[PDB]
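This document opens with one chain alone, in C-alpha cells, the form solved without ligand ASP.
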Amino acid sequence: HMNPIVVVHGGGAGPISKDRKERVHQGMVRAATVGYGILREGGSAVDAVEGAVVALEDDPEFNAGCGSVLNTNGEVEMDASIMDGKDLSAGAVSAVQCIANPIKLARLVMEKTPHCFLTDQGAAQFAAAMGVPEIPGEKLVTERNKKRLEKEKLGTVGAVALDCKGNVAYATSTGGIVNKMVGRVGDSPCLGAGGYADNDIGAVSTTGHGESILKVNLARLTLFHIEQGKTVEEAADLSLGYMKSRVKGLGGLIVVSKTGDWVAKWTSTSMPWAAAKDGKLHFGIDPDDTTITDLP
C-alpha cells in the first residue's frame, strides 16, 4: 500500500511581513499535522483533505471560514470544493455566509445530495436542514480584514492527500478577494479550476488570481501535463507558465501524483505550503526558505 502524503497551502500572496510569517508557519504546521494524523489513523484521502482545510477555516490568520476577506458590503461570502479521486465524486458551495466550515458543507453536498454544487440561499437551506449552525454574524470578520476593506474601498486555502489505497483528494476554501462584488465566485468551487482529483493521475489544489485560474482551468491543466509524462514539477511549471503568459494571472498550486510525487510551486510572490510524508514535515513561504523537521 502507498505511503500517505498530505500537502497544504495558504494563499498565493505578495510579500508577507515578518510577523504574519510566524503565525502562518504554525497555521500551516497545524493543518498539515491534522491531515497527516488522519491518514496515520488509516483515514481516507478525502477525510485528510477535509481535516486540513477545517483547521485553516478556523485559524483566523487564513482567508477562509473565520478570517475570510470582506466583500463590497463588508460581509463574509465563502466558496469551497472537495473532490474524491476514486470515482470523481465531488461537492462544492459558492457564496455561503454565516457558517464556520464551508468545506464540510461541500462534503455534505457530495455525500448526502444528488448534486455536486449548491449556491447562496439553497446552500444556506441545505446547511440549515443538515443541522449546520448559523453563527451570530460578527464572529467571521477579523479586525485585520476590516482595515483591509476600508483601504481598498490573503488568499484561498487548499489540501491534497494520498491515502494507503492510492486514493487522492483535494479540498479548497476561500472567502475570495477583498471588496469583491457581492455574489462573485472564484475558482474554488469550480471543478477543474480550483482543484481536480483523479486516482489515475493525482490531485491538485490551487491559489492566486481566481478568474485567471478559471480561464485556464489550472488544476486540470496541470494534470494534463502529468498524463503526458511530465514530472509534478514540470507540469506545475508549465501550467503556471501558461496562466502567466496567456491571461497575465499569478498564483500557485500543490499537486501530488498517483505515484507519491508532490511539489508546491507558485508565480505569486509568496505561498505558505506544508507537506507531511514519512513523518517529516516540509514547510516554506518564499522559495528556498524550506525547512524539514521530524513529525512525531
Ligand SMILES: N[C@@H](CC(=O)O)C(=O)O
The other form holds:
Number of protein chains: 2
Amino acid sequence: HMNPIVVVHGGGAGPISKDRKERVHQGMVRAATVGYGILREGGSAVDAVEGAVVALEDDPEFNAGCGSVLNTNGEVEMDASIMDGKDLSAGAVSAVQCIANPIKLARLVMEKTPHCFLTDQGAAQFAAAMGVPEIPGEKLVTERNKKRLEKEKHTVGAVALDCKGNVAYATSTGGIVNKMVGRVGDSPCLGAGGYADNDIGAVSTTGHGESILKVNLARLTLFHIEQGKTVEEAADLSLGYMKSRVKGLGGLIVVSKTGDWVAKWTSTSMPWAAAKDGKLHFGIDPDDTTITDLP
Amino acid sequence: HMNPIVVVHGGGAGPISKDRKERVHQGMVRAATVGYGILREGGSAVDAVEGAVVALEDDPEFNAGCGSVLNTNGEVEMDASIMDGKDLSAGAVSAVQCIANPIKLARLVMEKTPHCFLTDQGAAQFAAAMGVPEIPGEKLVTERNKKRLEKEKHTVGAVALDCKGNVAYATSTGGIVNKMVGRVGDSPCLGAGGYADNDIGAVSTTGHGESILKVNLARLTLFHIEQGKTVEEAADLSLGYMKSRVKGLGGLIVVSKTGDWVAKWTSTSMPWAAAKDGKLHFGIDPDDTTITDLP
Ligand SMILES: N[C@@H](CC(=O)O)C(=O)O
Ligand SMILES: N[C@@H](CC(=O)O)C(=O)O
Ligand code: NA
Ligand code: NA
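Moving from the form solved without ligand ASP to the form solved in complex with ligand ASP:
Full assembly next; the chain just shown is listed first.
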C-alpha cells in the first residue's frame, strides 16, 4: 500500500503582511490536517482533496469561497475543478454565485451528472436541484477584498495520493480582482488549473489565470514528469516556460504516483503545506520551510 | 515563406444519410474556400480560421451558430474558442445565447479584453459592449433541431497555417443535444477543443466533449508531434488514447508548423475539407477523398 500524502496551497501572490502570514499559516495547517485526517481513515484521494479545499473555501484569508476576490462589480463569481486520477473523471463549475462550497458542486457535477463542466446560470440551477443552500451574497464578501477592489478601481488547491495509489487534485478560486463579469480563468479548466492521472501524478495550479490556460500548466508539468523528470525539475520546466513564453508567473503543487511531491513557484510567495508520514510541512517564501509532527 | 493551408471539419458524427452527405459537401467547400481566400490574400491564420467557422456557423446544416443542437429546455447554448500560435493569444466563450456567430465573439475576447474566456451573463454583456447584434434565440433554432430534441428525451472547426508561418485554430459548437442547462464541452477550452502553437502546429477537435476535456485531446496530439511522430501518427495515438482510457470517440484536424496536415477520426464519420497548393481535399467517410482543382 502507498504512503499517503496531501499537498495544499493558498495562492501565488506578492508580499504578504507578517501579521496576516499567521492567519494564512494556520489556514494552510488546518487544510492540510483536514486533508491528512481524511486519508488517515484510509480515505480516497478525491475525498481528501475535496475536504482540504472545503476548509480553505470557508477560511476568509483565502481567495476561494468566503474571502473570494471581487469582480469589477464588487461581486463574487467562483471557479472550481476536481479530478479523479483513476478514470480521469472530472467535475467543474465556472461563474458561480452565492454558494458556500464551489468544489462540492464540482464534485456534484462529476458524480451526479454525465457531464464534467457546468457554468453560471445552469450551475446555479444545478446547485438548487442538488439541495445546495444559497448563502447571502454579502457573507462571501470581506472588507479587505473591498479595499483591494477600490485601489484597483481608481485561489486554493490540493493534490493527494491515497493508500491505494490513486491521485487527485482540487482547485478553487474567486479569480483575479477587478475581473470582468463572467470571466473564467484556469482554475475550473482540466489541464490548466489542475490535472490528475494515476499513470503520472496530480497537480493544482495558481498564478496568472490566462497565462496558466495559454500554457495548459497542470498537464505540461505532467508531460515533463512522464518524460522522466523529477517533480522539482518538471515544475521548474513548466513554470519557466510560462514565464518565458507568455511572461506569466505562477505556482503549483504536485504529487507523483511514486509519492514524490513538491511546491514550486515564480510569484513572490505561495503559502503551501504538505502532510506525509505524520509530519506537517509549511512554506511561504522559497527555501524557507518548517516541519512539525502531526498527531 | 510558407504555402498557406486551411483545414476545416464539420464535426464527428454517426452514419450520415444520402441527402445530408451532399449538403455537407457544399458547406464544407464554402468554408474551406473562404479561409483559403483569406490566406491567398495576405490574411492571417486567425482571420482564415475565423472566416471558415463563421461560414459553418451561419450555415444551418452544422452544429454551431444557426443550426446548433438545443439544450434540455429547447434553447441554443453555444461555446467557441480561437487561438493564435505566435504568442498563444486566445479567446473563448461558453454557453452564449441570442447571437449568430460565437466564434466572432471569441475573437473579440482575445483582442479587446485582458481575458481568454467569458461565459453566459458575462459573455452577453461583453457582446453588447462590442455592438454584437442581439437577435431572438428562436432564429438560431432550426426545425431539424426541434425534432432531434423531442426524440432524444424519448461541431465545426478550422486550423490554418499562413504565409508568415502563423498557425491558428477555431472551434464552435451548439454542444450536444439535450445537454443540461449551462453544460460546457471541450469547444471553448484551450488544449481540449483546440490548441495553436507556431512552434508545433494547430489542432481542432470534435466528438464527445467530456472525453476530450479529460485527455486534453488537442494538446495531446501536439505532444506527439513534439516527440517526432508525424501528424497522422500524432492523431492516431491521441485519438487511440481517448478510446482506451475514457471510452471516447471523435475526431481532429491537425497542421504542423512546416505544412503537413491530416483529418482523422475514430467516430463513424467526420465531414472535413483541406486547401493547399491550389487543390481541395474533401471527405466524410474513411478514405473517400476527392482531390479537385481550386481555380
Ligand atoms: N489562477 C487564478 C488566480 C490565483 O491563482 O490567485 C485565476 O486567474 O483565476
Ligand atoms: N465536442 C462538442 C460536441 C462534438 O464535437 O460532437 C461538445 O461537447 O460540445
Ligand atoms: Na476562503
Ligand atoms: Na451552423
